[PDB]
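*Asks:* What follows is the residue order along each chain.
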Amino acid sequence: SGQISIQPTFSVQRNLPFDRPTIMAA
Amino acid sequence: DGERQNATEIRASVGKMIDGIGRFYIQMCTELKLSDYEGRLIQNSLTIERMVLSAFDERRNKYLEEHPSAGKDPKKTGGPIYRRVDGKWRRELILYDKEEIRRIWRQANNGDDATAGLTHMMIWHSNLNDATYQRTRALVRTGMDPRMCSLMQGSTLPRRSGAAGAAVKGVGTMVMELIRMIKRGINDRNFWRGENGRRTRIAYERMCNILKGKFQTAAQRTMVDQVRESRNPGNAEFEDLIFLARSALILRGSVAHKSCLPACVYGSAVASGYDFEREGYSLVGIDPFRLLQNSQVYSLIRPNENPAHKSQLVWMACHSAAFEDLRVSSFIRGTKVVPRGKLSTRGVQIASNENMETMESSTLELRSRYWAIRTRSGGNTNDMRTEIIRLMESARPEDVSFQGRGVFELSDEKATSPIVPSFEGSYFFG
Amino acid sequence: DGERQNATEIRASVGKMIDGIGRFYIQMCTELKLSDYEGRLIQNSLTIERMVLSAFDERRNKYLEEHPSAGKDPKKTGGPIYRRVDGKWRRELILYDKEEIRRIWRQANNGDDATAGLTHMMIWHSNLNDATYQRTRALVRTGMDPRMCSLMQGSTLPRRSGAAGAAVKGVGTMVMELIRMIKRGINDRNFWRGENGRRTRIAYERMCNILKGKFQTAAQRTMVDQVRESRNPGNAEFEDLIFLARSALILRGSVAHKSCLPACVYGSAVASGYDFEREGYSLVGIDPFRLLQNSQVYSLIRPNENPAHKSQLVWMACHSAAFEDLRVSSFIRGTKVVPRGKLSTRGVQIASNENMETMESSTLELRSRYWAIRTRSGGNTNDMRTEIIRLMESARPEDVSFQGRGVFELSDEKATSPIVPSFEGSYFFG
Amino acid sequence: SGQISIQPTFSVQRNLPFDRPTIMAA
Amino acid sequence: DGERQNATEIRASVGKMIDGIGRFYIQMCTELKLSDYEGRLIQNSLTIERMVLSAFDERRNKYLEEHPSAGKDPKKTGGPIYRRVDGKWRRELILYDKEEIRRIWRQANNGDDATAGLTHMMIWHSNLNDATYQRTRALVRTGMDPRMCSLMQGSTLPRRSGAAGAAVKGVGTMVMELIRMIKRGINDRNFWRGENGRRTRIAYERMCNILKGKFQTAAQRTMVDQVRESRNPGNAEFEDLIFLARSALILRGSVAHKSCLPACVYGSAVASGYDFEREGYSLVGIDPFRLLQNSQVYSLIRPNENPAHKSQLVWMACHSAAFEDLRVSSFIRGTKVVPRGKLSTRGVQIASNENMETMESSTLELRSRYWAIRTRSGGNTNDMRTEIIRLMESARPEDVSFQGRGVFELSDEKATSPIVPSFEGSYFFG
Amino acid sequence: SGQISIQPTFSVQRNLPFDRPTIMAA
Amino acid sequence: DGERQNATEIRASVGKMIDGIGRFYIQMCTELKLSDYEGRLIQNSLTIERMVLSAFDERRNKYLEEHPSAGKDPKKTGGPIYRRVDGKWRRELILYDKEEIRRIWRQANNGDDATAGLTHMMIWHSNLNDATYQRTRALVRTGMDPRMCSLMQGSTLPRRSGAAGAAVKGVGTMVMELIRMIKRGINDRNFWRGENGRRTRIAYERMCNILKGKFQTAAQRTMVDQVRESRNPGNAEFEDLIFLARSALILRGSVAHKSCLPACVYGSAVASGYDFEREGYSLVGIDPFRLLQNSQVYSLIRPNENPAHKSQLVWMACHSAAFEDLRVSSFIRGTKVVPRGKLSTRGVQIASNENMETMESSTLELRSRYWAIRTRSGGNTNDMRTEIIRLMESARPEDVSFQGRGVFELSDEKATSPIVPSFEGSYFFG
Amino acid sequence: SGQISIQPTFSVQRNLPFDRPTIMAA
Amino acid sequence: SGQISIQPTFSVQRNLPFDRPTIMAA
Amino acid sequence: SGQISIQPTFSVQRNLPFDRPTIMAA
RNA sequence: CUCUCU
RNA sequence: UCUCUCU
RNA sequence: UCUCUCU
RNA sequence: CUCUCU
RNA sequence: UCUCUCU
RNA sequence: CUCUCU
RNA sequence: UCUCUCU
RNA sequence: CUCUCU
RNA sequence: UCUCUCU
RNA sequence: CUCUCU
RNA sequence: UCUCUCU
RNA sequence: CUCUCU
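In order, the protein sequence lines correspond to chains D, V, A, H, U, W, C, R, P and L.
Every number in the entry's author numbering is 402 more than the matching position in the first sequence, counting from 1.
Mind the numbering: the second sequence is residues 16 to 397, 439 to 479, 484 to 490 in the entry's author numbering, read in order.
Mind the numbering: the third sequence is residues 16 to 397, 439 to 479, 484 to 490 in the entry's author numbering, read in order.
Every number in the entry's author numbering is 402 more than the matching position in the fourth sequence, counting from 1.
Mind the numbering: the fifth sequence is residues 16 to 397, 439 to 479, 484 to 490 in the entry's author numbering, read in order.
Every number in the entry's author numbering is 402 more than the matching position in the sixth sequence, counting from 1.
Mind the numbering: the seventh sequence is residues 16 to 397, 439 to 479, 484 to 490 in the entry's author numbering, read in order.
Every number in the entry's author numbering is 402 more than the matching position in the eighth sequence, counting from 1.
Every number in the entry's author numbering is 402 more than the matching position in the ninth sequence, counting from 1.
Every number in the entry's author numbering is 402 more than the matching position in the tenth sequence, counting from 1.
Fair warning: there could be bad hints in the mix.
Unchecked claim - Straight-line alpha carbon distances no greater than 20 Å define the calculated DMTMM-like cross-link-like pairs of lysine to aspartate or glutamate that follow:
no.	chain 1	residue 1	chain 2	residue 2
1	U	87	U	115
2	A	90	A	115
3	A	77	U	24
4	V	48	V	115
5	A	90	U	292
6	V	470	C	107
7	C	90	V	294
As the list claims (entries may be wrong) - If you only want the chain V side, here are some residues facing chain H, beta carbon under 8 Å, derived:
no.	residue
8	204
9	205
10	208
11	209
Unchecked claim - Here are the computed distance ranges between Cβ atoms for each label pair:
no.	chain 1	residue 1	chain 2	residue 2	range
12	C	91	V	128	33 to 39 Å
13	A	367	V	249	32 to 38 Å
14	A	362	U	357	58 to 64 Å
Since the hints were made in silico from the structure, they are not lab data.
C-beta: ideal position from N, C-alpha, C; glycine also.
With the hints as constraints, model all of the structure from the sequences given.
*Replies:* Now the structure itself:
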C-alpha cells in the first residue's frame, strides 16, 4: 500500500488525486 | 475589515516569539562555545530544541523525580553535540541543568514563560518526524489500516501542545487518540466512572470538539456529533470512527499548515540584526520563505548519501509539505521533488551507535524558486452514512480547489500577481 | 481556651434537659400506675416517647384537626402499654389527652417548652430505627442504589427536628431529601415559582447549606455549591447529586454522633436522686456510658429469640453504633458484636397483631467493657469531578484516622490514658 | 449487595475498610 | 415506624375516593332509572365507567371537537344499557351529555376533579382486558416475540393514567412503548429534533426512569441506564431492549398489584351505608376481599356458556390474578381455577351485533375461601449482558420467595396467623 | 407458544416455575 | 399620543447628529484638498470614516500606546486616498494626527464628543460588511453551523458601540458572543472568579439581558432566562444556546433596521445648504430615501466588473437590505435585485496590492422607485423546548405579517396610501 | 448550504419563506 | 397572550376571574 | 490546604508571597 | 476559507 | 541524556 | 403643532 | 410593534 | 495605516 | 516493523 | 475552676 | 476536628 | 392510637 | 419489599 | 356511542 | 389475528 490522496498545504489551484480502484470499494 | 488591528497584533506577537527564540538560541550557542559553523548545524539546533522541550516537560519532570531513572538523574538533560577541530566531526555528550535551561529560556523572553515558542519548536519537530518517518506500526496496532497516511500530520505531537498543536495536527491523529481511548475503555469496566472518569470524559469532550471543528461538510460533522453523544462508546462506534477517518480521505477537514523553521534559522536572523518585533512575522506568509532564502544551514551527511535529498527532506519538513502534491511542491521549489521511495538518505538525526569517522558536512539548499501562502482548508467538496458515501461518489479527478489562487514570485511580497501552474508521480509516500 | 465557660454552660443546659426528661418520665409513670418492673420496660418508655412526640407535632395535629381521621379523634393519642399481674404480660391501649400530655411536659420543664428534649427523643427513635431496620426500599424508589447504607444515618428523622437533628443525620438522608425535591420538580412545572416557590427555594437553600457544612474536602464542597447554583435543577444535576452521595463513601462528611438514651434510663437516674443540673452532662462524654453502666432496663422477648442479640441491638441504637466498625464496637463493648445478618431477633417494638401469651421479659445487658468519646468527624482524607475521582484512587486500606486517640477505662473519667486497639467481619449490614 | 465502607462514630484509631471491586469501578 | 400517620392518611384518601366512586354510581343509577337488579349488572357498571372515562378524556374530546366524527357528535357519549321488563333482557343505546357526566362526577366528589377515581376505573378496565384477551398481535407487530405474556400487565392502560397507572403496568408494556418510540424514530430522521423533539425526549426520559425504578437487580438496572444514555437510539439498542424485556422473565421487576373492584360493588357498598372515609380502605389489604365477600353482582350470560368460568374470570380481573400461579389462585379462591385454554366463556362485554333473545343473567360467585395481601415485588433473585445471563443460570425451580408469608383467614383481619400452602397446570395462558 | 414463567401478585411462599427447554436457550 | 414632543426631540437630535457628520466631512474634504469629484468618492468617504473610528477607539489607542507596533507609530492614522489628475486614478497614503482628527470632530460638533455620529458610522460600516462578505468561517469556528446567516446582522460591530449598536445587531451575533464567552470559560477554570470574574459576569448579564429583550415569544424568552440563570454555564447550555439561535430562524426576535448612509451623502447634503436641525431626520422614515434620491456618489470600478451590481450592493448596504426578501427589495428599488451568487463585483474597498492603472470611476445608481419604513419587528408568530419546537410546526409559507402595511410613493412623504405588492429567487445568500 | 429564511427589514406584507426539508428535521 | 384577571372599577358584587393554567405556574 | 499569603507584622522590606495556582483561580 | 499562533 | 521510512 | 390596539 | 438613536 | 463572499 | 511487557 | 494545631 | 445540643 | 431488616 | 394510590 | 383469547 | 391505511 501507500499514500493515497493528498493533504492540501499550499493555496494553489490543483486537481487533488485519489486512487478509486481501492478507496471507493471500501 | 476591522481585523487589520487584530492582524497587526498577531503579527507583532508571533514576531516577538520568533525574536525570543532567536535570542535564546544565540545565548545557548554563546554559552556552549560553538563556532559559526558549529552553531549553524541543524543537529546542534535540534539538540538545543530537545534541551528546551525536555526541560519544560512538567509531567515528564515529575515522573522522573518521583520514579528515578537507572543511572540517569532526573535533574539534568543531555543531547548530542557535534564540534569540529582539525576539520573532523565528533560527538560528545553535554550535561546541563534543567533549571539552568529554564532560567535561560525565561531570561531570553523578558522573564516570560512564552509557551508559544515551545509549541512552535514542538510543531517543527513533529513536521520533521512526519516528513522523515512513517508510523505505520502505530496505525496497524490501533486497528486503522496502514492504507491512509495523509491524515497522520502531527501524529508525534505530545499532549502538552496548546490549541495551535491541536489545530495543526491532522484528522488521523485525533482519530488515533480516540481509538486509543476506546481501546483503553474496552480493556477495563471501571472507566468512564470515578474521579478519573470525569477527567477522561472531559478530555474526550474536548478532543471530540476539536475534531468537530476540524471537519468541513455537514453530514460528517453530524456523524462525529453522534459518536460523541455515546456515553460509553464501544465496538460499533469504534467502526464508526474508523469510517469517519476513512471518509476524510475524500472529504477532508480543515488542517492548519505552518512554516515552523528550526531554531538555527531564527538564531542566525537575530544575529544578523533582524528584529521581528517591528517588522512582524507570519507563519503562513512570505516571511518564512524569505528568511530561508537568505539563510545558510549546514547538516551532517552520512556516507554514500545525497545532500540534495536531505536538503529536500529538510525543506519539506520546514514548510510542512510532507503530504503536499509532488508536482506543486516541485513547482514551488523549482526543482523536481523526489518522493520518499527513492530518497537516498536516512533521518537527519545521528544515532548514538554511529561512527564519528566517515561523516561529512554539507550545506542545505533550502532555496525555493516560488513562494506560496499556506492554506488551512481541506479543499472544495460541495442514513447519514449513505449520504457521506454518496458524496465520495461525486468527486472526479478534475475539481479545481483554490480557484484563482496561484503562487507568487519572491519579489512579489504582497502577492499582486498569482501564477497559474499547468499540469507523473504525485504522492510522497507512494 | 476561653470555651471552658461555654462548655460548662452547654453541659448545664444538656443536664437540665436530661433532668427534665427524667422527671417527666417519672410523672408519666406515676400517673399511669406502673410498678418498678413495668416502668423499666423499654416498650413502655418508647410508647411514652411516642406520646410526647405525637402530642407536640403541630403540623400533624393541625392535619388531624382539619382532616379528621376515620373513627380516631384528632384530640387524643394512644400507645401500647404492657402490665404484669400474676406474672403474665398483656397489652392494653390507653387513651390520653394531647393537651394533658403537653401540660405534663410543660410542668416537668418548669413551664418551658424545652424542644431540646423532644429533639433528643426523636434522635433516640431515629437511632433505634437505623439500628433495627434497613430502608432500602426508599433508597431504590428515589433512584439511589441500595448499595450504600452508611450515609443513611438519621433517615427517619422528621423535618420538625432542629439544627441538632440536621447535624446528626447523615449525608445520604440530605441527598434523599434533595432527590425527593428534584423528583417533585420534574413532576410539575409550576414549581420554583409562585408563593410556594419562594418557600421551597429557601428550603432548598437551607438544606443545601447544611449539606455544604457537612462535607469535608474542598472539591466536593465546590461541587455541592455548584449544584446549588442551579436555579431550576434537573436530570444532569440529579446525577450530580447521585455522584456526590456516591463520593461520600470514600471521602465522608462530618456527621455528628450522640448517645441518646431512652427515657427509661433518665427516669431511673432521676428516681435515684441524680441531679444533672449540677453534675452536668455530655452526649459525647463518659456520662451516658456511666449512666448505662449502673442502670437496669427490661424488655419484652419474643419466643425463640436471643436476649443477647436484642441487648446488643439496643446498645448499638443507644450509642448510635449501627454503622460503626464491628471490631471496634466489639472491643468497646467487650463482647463480640453480631452483625444484622445473623441477629436472631426482630424489632424491639411489639406489633398489635401479636399474641400476649408467649412473650417473656429479659434484662438488657447494656454494659460495655470500654468507653469512648463519640467523634463528629468523617476520617482523614488529605474538572472537579475528575479531581474528586482522583482522590478516591489514593485511599489505601491502611490510613489511620484519629491517630493517638484510643478508648478509655470506665474508671478513667477524664481520659488520661487511651488504649490502642490491635486488629474478620466488619460491616453490620453485610 | 450490602453495607460497604464505614461510618466513624467513636474516636478510635482504625483502618476504615472499603470494597474496591465494586466501588472504584463505579 | 413513623408511617402510621402517613398510612392512616393514605387509607383515608383511598377511602374517600372509593366513597366518591360509590356515590357517583348511585347518582348515575338513580338518574338512569334502573332497578336493583339492573343496577347490579356488571355490563351496566362497565358502561357507566366508559361514560366517565370518555367524558374526561381531554385529548380525545379535543380530537373529536376539531376533527368531527361521521354522524356521531363530539358532544355526547353512548353506551350499552340493559334493562329487564317481563323477565327479558334487551339492549338500548342512551345519549348523555359529556358536560352532564362531568358535572355529576364533580358533584359526587364535593366539587373536586378526583382523578384518582378515574385512574382506579382505568386500572380496573385494564385488569379486565388483561384477564380476558391476549394481545399477541401487538406483541408480534412491534417485533417482540409472542412467547412472553406475563410482563404485559396493564398494556391497555392509556397514557392519561397518572403515576399509579405507570406503577401498576408491567415491564412488557413499558418495553412495548419504548419499541414503538424506536420504530417511529427509525421511520423518520426529523425526530429527536425540533419542538416535538424536546417533548419526545423528555417523554423517553420519564418512561425510561419509571422502567429504571421498576427493575430489581443492579446489572439490568445498569443496562437500562445505558440504553437510556443513547441520544439517538436505533437497532442495536432495539435488540438491547428486546433482551431487557427478555431478562424480565427470569429476574422480574417490581410491578404493583391492586384490587380494583368495579363501580357496581362500590355503589352497592355505599347504598348499604358503608362510609369508607372513617373506616378507611386499602387496595392491597383485606378490605376489597371483604367487600367482595358480602356483595352480589349479576352478569349477562351468553348461550351455552358456563357461569362459573365467567365468575372466575371476573374474580381474577378484580384481584389482578391474570398472571398469578394457578395453584395459589385456586388455594386462595378455594375452587380450582380453570386456565384460559378451557374457559368456556367469551368476554364479559356484549357486542352490538348480538341477539337480545337468547341471553340469561346469572350471579357472579366472587367469593374466596382465603384472602392474601397483594405484593408489588418481583420475587427473590439474589460485560453486563454476560452477568445478566449468568444470573438466569443460577435459578432453580425451588427458590421460595416471600418466606414465612402465607395466606390468612377472612376472620383474620389483621393477619395474625399465615397459612403455609403445600404443593399440575400452573399457567393461565398455557 | 404460551405463557411461561409467572407474575407474583399475592405474597405467598411459592416456587416460581419457568420452562428452560426454550427460555434458557434464547 | 403624548410622544409627539418626544418624537420631535428625537428627530431634532438625529438631525443634529447628521448635520454634525456632514459638516465634519466637509471640513475633512476642505483640509485634504479633494475636488468635487474626488470628495464624492465612496472609497474616500470610507477612508475618512475609518480615520474617525480609529482616532476615537480608546482601547485600541491605549493598546497601541503601551504595546507599540512594528514601524507604525501609535500616534498617527493612515488610509487610502484616491485623487484624479489628467483623468487617471492613483492611491496615495496620507498620515494624519489622531489628535488632529479628534479636534476636528469635536469642533464640527460644537465642542461635543457626539458618540452618536461615531455609532452611526460604525453601523454603516457593519451594514456594508454584512452586505458584502459572508463570515461563515467565524460561524463554523465557534461551533454554530454555517447554515444560518440571517441572524448575523451587525456581526462586525465592535463592542464600543452603544445601545443602538446592540439593538441593531442580530440574534446570531449575540449568540456568537455568548458562545465565545462559553468557549473561553471551558478553556480555563479560573474564570467566573476573581476581579475579572465580576466584570465578565456583569458583561454576560448585560448581553443576556439585551438578548432577553430582543426575542419575541414567551417560551424562548423563558429559555434564554434559564440559560442565564446558570452560574457556571457549560456544554449542555452550549447546545441550549445553539438551539436558541436555531429557533430564531422560525420565531425571530426584534432586530432594528436603520438607514445609515455614508458620510459622503451627508457632506453633499450639508454642502447643498440642507439643515437637518430644523427639518429633522429619521433613520426609518422617508428622509434617507429622499436624501439618496437627490444625491450623487461616485465609486471606483475594477476591471471587468458591472457598475449596476456594485450600485445594488451599495444600496442594500445603505438600506440594510442584505437579508431582506429579494422580491420586496426589487419592488422597492424598482429594478430586479441580483443575489450575491451572481453578483459580478468584489468588495467596494480597494486593497493595497492593487494596480492603479486599470480602474475606472462610475456613478452609483442609488435611486429607488418606492420607499418603505424600516421595521424593527421579527414577524407574526402567534418542557419549553418541546413547546418551542411545536411552534415551528405551525408555521406555513403563507402567514402575512405587517397586514395592511405597504410601500409608499416618494411623493407620499407622510404615507397616506400604502401599495400592496403581488407575488423566483428570494434569498440573497442562496 | 446558504441563507434560509428571511430578516424582515421593511414593513411590507409578505410570506416569509423557509426551507423545511432541512430546517424542520433539525 | 392577553388580559388576564380584572381591575375592579365599580362597587358591584362579582367573582373576579383569573386564568390559573398560566398565572399560577409562574 | 494551609496558610497562603502573609500578615505583615514588622516594618521590613520584603516580597509578600502568595500561591496563585489556587488563589487567583477562585 | 491567500495571506492573523494558539 | 533512546531510536525507526514503509505489519 | 407627531402617532399606534395587541414583541 | 409604519413611521422616535441609543 | 491589513484584508476576505460562500469550512 | 533491531533494538520499549503487556 | 474545661480544653484543642491542622473538616 | 476526644471530649460543648442545636 | 399503623407497621418492616435486607427491590 | 404483608399489609400506605399515585 | 367499535370490537377481539391465543401471527 | 372478522371486521382500524400505512
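*Asks:* Holds or violated: residue 90/A and residue 292/U, Cα atoms, limit 20 Å.
*Replies:* Cα-Cα ~18 Å, so holds.
*Asks:* Does the alpha-carbon distance linking residue 77/A and residue 24/U stay inside the 20 Å limit?
*Replies:* 13 Å, holds
*Asks:* Could you check if residue 209/V really has its C-beta closer than 8 Å to a C-beta on chain H?
*Replies:* 6 Å, holds
*Asks:* Can the restraint linking residue 90/A and residue 115/A be considered satisfied, given a maximum Cα separation of 20 Å?
*Replies:* Cα-Cα ~10 Å, so holds.
*Asks:* With a cut-off of 8 Å, does the beta carbon of residue 205/V approach a beta carbon of chain H closely enough for the hint to hold?
*Replies:* 3 Å, holds
*Asks:* Tell me if residue 208/V is really an interface residue toward chain H, meaning its C-beta lies closer than 8 Å to one of theirs.
*Replies:* At about 5 Å, which falls below the 8 Å cut-off, the nearest Cβ of chain H leaves the hint on residue 208/V intact, so it holds.
*Asks:* Between residue 362/A and residue 357/U, is the Cβ distance one that fits in 58 to 64 Å?
*Replies:* Roughly 47 Å apart at Cβ, these two residues miss the hinted range, so it is violated.
*Asks:* Honestly, do residue 367/A and residue 249/V meet the 32 to 38 Å range at C-beta?
*Replies:* For residue 249/V against residue 367/A, whose Cβ atoms are near 55 Å apart, the range 32 to 38 Å is violated.
*Asks:* Given the hinted pair residue 470/V and residue 107/C, is their Cα-Cα distance within 20 Å?
*Replies:* 17 Å, holds
*Asks:* For the pair supplied as a hint, residue 87/U and residue 115/U, is the alpha-carbon distance within the 20 Å limit?
*Replies:* 18 Å, holds
*Asks:* Straight-line Cα separation of residue 90/C and residue 294/V no greater than 20 Å?
*Replies:* The given pair, whose Cα atoms are some 18 Å apart, holds under the 20 Å limit.
*Asks:* If you check the beta carbons of residue 91/C and residue 128/V, does the distance land in 33 to 39 Å?
*Replies:* 34 Å, holds
The structure shown violates the earlier hints numbered 13 and 14.
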